[PDB]
Every structure is written in C-alpha cells, then in structure tokens.
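First, one chain by itself in structure tokens, the form solved without the partner chain.
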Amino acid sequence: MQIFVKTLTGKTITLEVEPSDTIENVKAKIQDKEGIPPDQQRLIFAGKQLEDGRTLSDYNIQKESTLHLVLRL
C-alpha cells in the first residue's frame, strides 16, 4: 500500500509500505528519499505523535493516509 508524508516546505513524499511496518522503518524510507536522519524526524498522524516501536496498523494508518513530518532542532 502507499502512504504520503507532508513536509514543512509543502512537498509531499510518497512511500511504499505494509501495515506491519514500524515507525522506524518509515523513518528509514524517508532518509532514503530526502536524506533527513531518523533521529531528527518527528512524524504526526491526524493529531497524534507517532513513536518508535509501534506499527502503522497500531495507529490505524491506512491505504493513502497522510502523515506530517517535522524536524527536531
């Protein structure tokens, strides 16, 4: 399935994933495409902070859902 990630600039990234993929795995995919380190990434889905060790399925992220990406500083 595909999910999308919106960034601060407005750009949307597109990612291929499964429901069992962990938030870490998704941060890794983002690093591949954009070069942002996982330790700098904060992901958010419909108001909720996504934490490491939990799955997309645990947060009920679905086909074509859109997360938001922020950076730590």
Contents of the next structure:
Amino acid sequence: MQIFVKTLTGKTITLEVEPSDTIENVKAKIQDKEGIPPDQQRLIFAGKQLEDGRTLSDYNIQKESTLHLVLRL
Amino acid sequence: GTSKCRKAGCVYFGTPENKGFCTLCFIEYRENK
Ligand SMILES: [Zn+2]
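If the structure you just shared is the form solved without the partner chain, then what does the corresponding form deposited with the partner chain bound look like?
Okay, now the whole complex, with that chain kicking things off.
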C-alpha cells in the first residue's frame, strides 16, 4: 500500500509502505527520499504524534492516509 | 476500518495475524506463552 507524507512547507511525498512497517521503517524511507535524519523527524497522524516502535496498523493508518512531517531541527 | 487490540484497555489496533493484538501486546502474549 501507499501513503502521503506532507511537510508544513507544502512539499508532499508519496511512500510505498506495508501496515506492518514500524515508525522507524517509515522515518527511514523518508531519510532516503529526502535525506532527513530520523531523529529530526516527528511524524503526525490525525493530530497524534506517532510513537517509535509501533506500526502503522497500531494507529489504523490505511492506504492513501496522510501524515505530516514536523522537524526537531 | 478494522478492530481494537484484544488486550484490556489498549489504545491501539489489533490485527488477525497477531491473534488480534497490536504488535507489542502480541509480543507480550508470545513471551508469556
Ligand atoms: Zn495492545
């Protein structure tokens, strides 16, 4: 399946993922497509920040869902 | 569009292949037999 990751700036990114993927797996996929260090990444889904070590399904994130990327920087 | 975690008052969503647990509750289950 596939989801969208949206920075605050506006830039959108499409990711191909499995519901089994951990938040770390996803932060890693972003570091690839956008060279950001996963320690700088804070992912947010429907107002909740995604906690490390849990999976997309644990959050009921389904195909075409939208996460926002915030940064610690 | 799925189903909550089989365990007590768990905030997360389970999955059939995890006998209905979220990922970490499932590991907890597995670790206890
Ligand atoms: Zn649980």
